[PDB]
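S.K.: Each chain, letter by letter, is given below.
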Amino acid sequence: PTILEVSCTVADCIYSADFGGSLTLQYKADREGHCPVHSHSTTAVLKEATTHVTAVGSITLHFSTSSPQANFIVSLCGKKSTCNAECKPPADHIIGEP
Amino acid sequence: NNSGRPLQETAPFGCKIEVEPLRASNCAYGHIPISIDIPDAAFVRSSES
Amino acid sequence: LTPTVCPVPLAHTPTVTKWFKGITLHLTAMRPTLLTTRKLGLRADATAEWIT
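Chains as they are written, first to last, in the authors' numbering: chain G, 294 to 391; chain J, 245 to 293; chain H, 261 to 312.
Careful: at least some of the hints might be erroneous.
Unchecked claim - Below, a sample of chain G positions facing chain J; criterion: calculated Cβ distance under 8 Å:
1. 353
2. 355
3. 359
Keep in mind the hints are simulated off the structure, nothing from the lab. Don't be surprised by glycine CBs; every beta carbon is placed ideally from N, CA and C.
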């Protein structure tokens, strides 16, 4: 299922060890199936491995970063998309997770 | 005979004077800097809202 | 001499306050109780102390 009209955008971002950031996403695929979701940086690990696409739907994702801001590109099903952000420092400065 | 008016019609800021513990209840001055510890059970994650 | 299970007491569990890159352990004991820590880095710098 090929892909068209993708535009990611962020809503909130902390940089921590827990999955803090959360970004919404638009996509206009011509068909339906399962397309891989990935970020091609090395400072943003993305939790959702796969998704189920539809015609005019939207996907909420989760990620975790350590950079004080996020400028990275996500990828649905073959083609790239860019979106900036602004990440804040967290408050709980001892947590039980690496 | 020369007592003057009581405190219930002279006290500023709208205080009502209860006498039995000698209180000045229910009046308004300043700000009250508080902080609320929200429990972690009333939070659904942002993929579901 | 032979192996045999036996009960040993669990201590009172601590209370942690969390300051910037640092832990405080509000401990209690009535009898000497060993405490021991180590980093997870290359320098392990272990610690041992029988607090009372």
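S.K.: Would you mind marking each hint as holding or not holding in the structure?
M.R.: To see whether the hints hold, each was checked on the structure:
no. : hint : in the structure
1   : 353  : 5 Å, holds
2   : 355  : 7 Å, holds
3   : 359  : 20 Å, violated
Figure legend: structure checked against the earlier numbered hints; the only hint not met is number 3.
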